[PDB]
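Visitor: Here are the chains, one letter per residue:
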Amino acid sequence: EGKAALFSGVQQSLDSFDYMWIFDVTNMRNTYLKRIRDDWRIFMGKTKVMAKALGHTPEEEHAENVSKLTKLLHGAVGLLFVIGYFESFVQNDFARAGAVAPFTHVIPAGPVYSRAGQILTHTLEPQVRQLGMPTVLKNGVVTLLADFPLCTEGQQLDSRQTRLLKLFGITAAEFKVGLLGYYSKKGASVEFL
Amino acid sequence: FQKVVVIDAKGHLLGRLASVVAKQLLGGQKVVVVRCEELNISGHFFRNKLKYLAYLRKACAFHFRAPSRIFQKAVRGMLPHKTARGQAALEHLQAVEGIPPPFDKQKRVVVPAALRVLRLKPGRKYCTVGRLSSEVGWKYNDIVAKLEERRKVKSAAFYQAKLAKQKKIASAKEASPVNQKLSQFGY
Amino acid sequence: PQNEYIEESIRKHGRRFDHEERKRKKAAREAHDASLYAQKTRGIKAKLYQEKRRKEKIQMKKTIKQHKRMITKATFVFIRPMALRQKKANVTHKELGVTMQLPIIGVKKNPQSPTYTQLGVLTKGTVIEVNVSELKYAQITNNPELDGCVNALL
Amino acid sequence: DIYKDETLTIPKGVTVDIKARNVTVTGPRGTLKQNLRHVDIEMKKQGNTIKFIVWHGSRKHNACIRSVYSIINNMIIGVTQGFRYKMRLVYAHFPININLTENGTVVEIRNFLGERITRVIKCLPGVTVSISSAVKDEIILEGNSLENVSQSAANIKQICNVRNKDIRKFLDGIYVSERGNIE
Amino acid sequence: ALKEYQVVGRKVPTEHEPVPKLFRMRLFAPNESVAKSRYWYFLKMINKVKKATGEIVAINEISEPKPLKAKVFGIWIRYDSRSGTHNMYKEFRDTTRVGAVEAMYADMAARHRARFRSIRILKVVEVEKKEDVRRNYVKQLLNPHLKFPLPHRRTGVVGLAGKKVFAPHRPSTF
RNA sequence: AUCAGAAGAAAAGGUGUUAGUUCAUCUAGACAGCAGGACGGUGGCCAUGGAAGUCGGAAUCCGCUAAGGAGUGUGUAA
RNA sequence: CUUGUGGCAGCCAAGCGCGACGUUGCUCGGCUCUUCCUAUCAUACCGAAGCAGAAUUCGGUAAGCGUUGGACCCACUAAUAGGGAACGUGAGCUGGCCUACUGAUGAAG
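As they're listed, the protein sequences go chains F, D, U, E and Z.
Here the first sequence stands for residues 21 to 60, 64 to 104, 112 to 149, 157 to 230, where the numbers follow UniProt numbering.
Here the second sequence stands for residues 4 to 63, 71 to 197, where the numbers follow UniProt numbering.
Here the third sequence stands for residues 2 to 68, 147 to 156, 170 to 227, 240 to 258, where the numbers follow UniProt numbering.
Here the fourth sequence stands for residues 4 to 186, where the numbers follow UniProt numbering.
Here the fifth sequence stands for residues 2 to 175, where the numbers follow UniProt numbering.
Keep in mind the hints are simulated off the structure, nothing from the lab.
SDA-like, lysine to any residue: derived pairs with alpha carbons at most 25 Å apart:
id, chain 1, residue 1, chain 2, residue 2
1, Z, 52, Z, 39
2, E, 22, E, 149
3, D, 52, E, 42
4, U, 180, U, 251
5, F, 203, F, 179
6, Z, 72, Z, 95
7, Z, 140, E, 10
8, E, 172, F, 177
9, E, 47, Z, 145
10, Z, 12, Z, 39
11, F, 175, U, 14
12, E, 168, U, 25
13, F, 175, E, 173
All chains, please: the whole structure from these sequences, using the hints.
Guide: Structural data, given as structure tokens:
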């Protein structure tokens, strides 16, 4: 039932007025998606479900030349009803796994700093067990036996690296959007630039 | 049906070998068993142990513990050992540990109807009588193993001398021109 | 020590380093342990396992669904023992649905035998008159000789 | 079901022979041999694939396939680059004295919670013990087989126990830190 | 050894009922006489036609039309147990219709300890389509690439002698 | 089957196994796995030293979506 | 055969008029002895429990070893466990021929 509703909403989104936006969600949290959608409806549901519901064949598809665009259409994208904000404004967000760390961030030994020295509250008692790093909670304060590098440049964001980055202030990410072409009602020219 | 036969007991089942042996003894055949340690019993090792600690618990009896004495007990239950027909059938059955010298030079036959591989589904739990009894009160597990290894050395050495000898007669067999007539008679 | 003395030691020194995964490990393998319990144990402690397993099973099913010449019988006042003699009965009112311990004013008739009725022997099904001022004849719905109490319904 | 196949991609190693239900696997690090008569299985070595096949097998025998596959993975990774087991020490009041003998094959621990026992552990062959100077109380357990290294870690853990006391008050002991390959 | 029996019969005609209807059954029985007994049992429990007012017009035996052609059989049956009613539907793959039922008697009395009188055969049908098959082992047996070593290796070649007590060599069995 | 097998307890329990029956999804990617999100009114209102979903008392509402339960536990005085 | 779960009356009540678990209702007798059982009093080893430690409680394996002196009591001790031998041992005990077992010789391959 939910999939059918998503397909129906996708058809309505395809029948929207203009601006032929292609963007639904990204690694950014729901708040960033809500903030982006505030200046406007972003909705994707299941990936490729809208393309499958529309149909690869041009006769089934409401748009024109959708057979080639179906393969191009992938990821969390959706219609909406701007260009400068998408091209320029890219809100920073904490990095996730699967990407490459822009640098080699390390954690100083001994007492740890929540802001990496930009302040370092020691009240995070459950964090000592939840960390799993070589840290000893002595005298009610977590003490690092040796320095641990969270990540390195050119290395994939590991699970431990991602977990440390979630608590730390590493916003090594920037939101991006895809507006290569526009499904104009009359022009019907969805460029692939 | 030779007067004296030797049954290798490695890999045979204690119950199904005994039933075959007990009948042959009553037929009058002098059956001698060798390598009684490597007999097998259906059921995991710890189970056959407990069924044996019941035997030791049963007391006034003489709980003979050596693997030969375990097999001899098995045969004594399939003979009419009260009567002089079975009392004279028990004394033909000589069950020994490993292979004493007067039998290691004799051909040892195996019972197809009671081998472990032909009678147990693959993967079934089983125990070895030699290992079991060595954990019940037997004290000669190690010595028979060392003695068996030594005989294996001599027996294997004996084969190599015989293997070359038969190879010479194998190489000289084709020299006979009667081989064509041998083929015509299928021999 | 004083007050919750083990609650600042945890506050100031830290937790047993390997307690949480041990308890997580225990909370996991207990599923296999529970089944192994029923397959090995025998006797009363195994019997105690049975109905207590079913108790939480049916209760779980409910929540997810919601998701010498002497008298050998008790008498009222052969030889009738004083201990066997009883004068108070926990007669339960039918319409009211309230069980109340009422004094045994008298026995109307004993269905067992007229001699028992004459002796005032309390037996199952016997009719006994009890005062209802604080709230009449009533029939004994139980056997006081075995239950140990005069259980009856109004 | 009548067939149940498992495939293994042979890493570098040197030899992965299955001669007579006995994997005498030789890798660049060294040679290790284990028995395989514990289960009745078809193990074929060909090319870069090792086929483990069950024919008309029960679920009891079917469960042995993945266990063997997990087993066979253990030493083949060990013989290639080795395995290292990192050990960490935690002491409450009495510091623990640790000594290494015959290049660490035997570990003796002393001064455990006031007790005066020279608890001696002859670690199983194929695993040796070393003390890391990079970080204090860090003990390195190097070997080519997880079940041997882990068992030694389990043994050193159980001999490092507390008796008739409260666990949540006493913290001294030895416990597993983490695993990993040598390289 | 069972046989296919097409059994056709009707009740005795009378002035009230001059033309009885010819009922037909395809039921299995080791002989002709058992086929009559099962017929009367099958029909009387259902249609309530009395034995003494019934005559049988023809007993025929149906040889398997294409015995050499491998087939998959669908067998609807009704188990009788302590409860006495179980809509069980088993499937067997073999060559002869009778042979499938034999195995069904073999399995029902082995897996479930059933009894010939208790079990009544409901309907036996051919399953010509692999899609119509519902059993994974039959589905796997119907695959294009069937291959397996001869199971129970000992059962092959067994011992191969008359009375081979005291074989002189170990058996390879491989 | 670590005391298998060759009507009395009897109602049921079993992550023991083999058959089945009735429902479910599933190349619109089934289950599991990891990878991430798992939001904002709002720390709803009483309740209290301290209760932010997670001591507790009635609902427990809403905007966003494919989805964030006035929250399922862990946890903290919070 | 017997062992550790009171009855009655209702509300529910998976289900098959009953209806399980829940819920309401107040209410002849004893000394010695021989063994044997574990349903363990202590001792051995474990688990859990606000277990600082000492000391304490429950539970698990455990019958190998013990489980008193004096008229319900009063002290030691680690404890002073429960039983059975169906008329415990009244043909060991009291009151209101042969076969066993222990020993001693013994002809004989």
